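In structure tokens, one chain follows: the form deposited without the named molecule.
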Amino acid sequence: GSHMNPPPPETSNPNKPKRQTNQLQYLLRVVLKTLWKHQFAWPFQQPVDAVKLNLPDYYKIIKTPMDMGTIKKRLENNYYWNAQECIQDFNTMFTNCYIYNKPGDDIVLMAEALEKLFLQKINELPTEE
């Protein structure tokens, strides 16, 4: 864990109120499960290691990082109060990719395939009950 990478996003904080909702259960059991096993998931399964990738400007450009490894921890460790917080984390991850990388770079095609799957699953996010 290089000192030249930022600390990862928060995944544990007892002062933040937590809740289980049926929508958060769906985000873990359906949405994360679907995207995590995709052939194109691997670049998104952990924080960007800017040192290992030789991208010293990455965290100069991307000031709101997010990745599916962080989202998985947040879902499995009940970090959220609602589904909108978790949806926003997925959307942040995709937008990071689209703002850092050139359109049609391989990483962008990979993100776009995951985002298409994401959108289909979020259109079926169940009514909160």
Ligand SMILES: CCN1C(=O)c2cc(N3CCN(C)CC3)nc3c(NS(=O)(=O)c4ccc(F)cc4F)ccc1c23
Given for the second form:
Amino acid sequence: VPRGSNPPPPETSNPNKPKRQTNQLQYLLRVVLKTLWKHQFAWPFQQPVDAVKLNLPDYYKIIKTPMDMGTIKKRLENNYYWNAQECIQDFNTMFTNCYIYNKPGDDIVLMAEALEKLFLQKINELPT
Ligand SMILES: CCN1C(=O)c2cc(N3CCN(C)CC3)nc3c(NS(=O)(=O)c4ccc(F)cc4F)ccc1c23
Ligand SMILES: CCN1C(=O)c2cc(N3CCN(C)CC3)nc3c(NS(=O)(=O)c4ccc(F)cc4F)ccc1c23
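I've shown you the form deposited without the named molecule. Could you give me the structure of the form deposited with the named molecule bound?
Up next: the whole complex, starting with the chain shown before.
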């Protein structure tokens, strides 16, 4: 697994971007991320895919918009998102990446599918 194969992690802090605190963004961090973080299948989704350590040499040849819940946590914390939808899109990207890279019905896919169902359940309680 060649050195330099991992990209830098996604950007999580941009001081140029304006910042606001929103009941929806607060819900995404305090409820949604918390609940998914603690799920029995969360571990593989908690940090950027380390292609070297996990022996996935073609990951970043295939996946050009990587996303993970560690990145999302940091983005919420740093007020990276102006609206809830930007954050929801990062979650969707994380699940879609798994469905692109992996064969349907593989173990990691079933793990993603369970998390995604829980995510969508929690998203339906998103406040006004
Ligand atoms: C070492 C004991 N063990 C198994 O033999 C085993 C099989 C297993 N399967 C294989 C069959 N597939 C349809 C369902 C998940 N999941 C987990 C499992 N579930 S898990 O943490 O979501 C998981 C971890 C690694 C992995 F490669 C696949 C997994 F589903 C934990 C522990 C075990 C397993
Ligand atoms: C969610 C991001 N992601 C993947 O899309 C992914 C695929 C993956 N594969 C699939 C191909 N297979 C031959 C090797 C491992 N391993 C891990 C992986 N390695 S792992 O934690 O040892 C692991 C977890 C669950 C599992 F079912 C199999 C694993 F190898 C971590 C994270 C990911 C993966």
